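A single chain, nothing else alongside it, follows as structure tokens in the form solved without the ligand.
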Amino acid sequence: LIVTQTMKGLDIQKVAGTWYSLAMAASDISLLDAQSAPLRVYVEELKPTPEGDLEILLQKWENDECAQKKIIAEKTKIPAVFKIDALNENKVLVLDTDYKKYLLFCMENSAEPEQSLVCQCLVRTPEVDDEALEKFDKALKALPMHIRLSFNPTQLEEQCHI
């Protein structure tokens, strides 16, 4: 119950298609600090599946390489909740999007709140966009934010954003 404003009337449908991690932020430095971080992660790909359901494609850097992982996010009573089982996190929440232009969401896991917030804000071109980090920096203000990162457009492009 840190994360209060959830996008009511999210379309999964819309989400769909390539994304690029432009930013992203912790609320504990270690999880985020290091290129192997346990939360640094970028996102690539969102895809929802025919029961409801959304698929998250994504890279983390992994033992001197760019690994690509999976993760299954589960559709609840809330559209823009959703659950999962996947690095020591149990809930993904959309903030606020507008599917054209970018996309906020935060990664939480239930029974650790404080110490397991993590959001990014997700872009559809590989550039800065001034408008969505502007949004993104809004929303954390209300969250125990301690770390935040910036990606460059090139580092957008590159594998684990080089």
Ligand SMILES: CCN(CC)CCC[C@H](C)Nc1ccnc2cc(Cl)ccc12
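Rigid core (definition): largest C-alpha set, two forms, superposition within 1.5 Å. Positions refer to the first chain, counted from 1. Compared with the form solved in complex with the ligand:
- Relative to the superposed core, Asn88 undergoes a C-alpha shift of no less than 2 Å between the two forms.
For comparison with the form solved without the ligand, kindly provide the form solved in complex with the ligand.
One chain, no partners, no other molecules: that is all that follows.
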């Protein structure tokens, strides 16, 4: 109930494949600040599953290392919102993609918006897409984002973005 966009027409099985965490943004700063901040996470691939769910694969800096985590995201009635497991009843919100170049999704927590919402601009290939960043950047004024991070193709090709 803060993210007012969500895409009508989501063919999930078309989001499959790899992506790079190019850009990402959040509501308060403590959440992404340092490499080891909680929602500092790097999406590496989308396996849409047969049930219609989506397995998410992502690296994250924690105990000194770049650590994989598998996150599975369960269907809901809305095609574009999926519920994730961990520490509250969750949403992954998919905002916009063309399937083939970029993909915009946020990640909130129904218990605590202005403190949980984190958003990401994903891309299919390790290069900056201005127009994706365009579309990312223009979708988060309706949102109270307070930190923005951008990464460059080299950091995209490395573990945990350096």
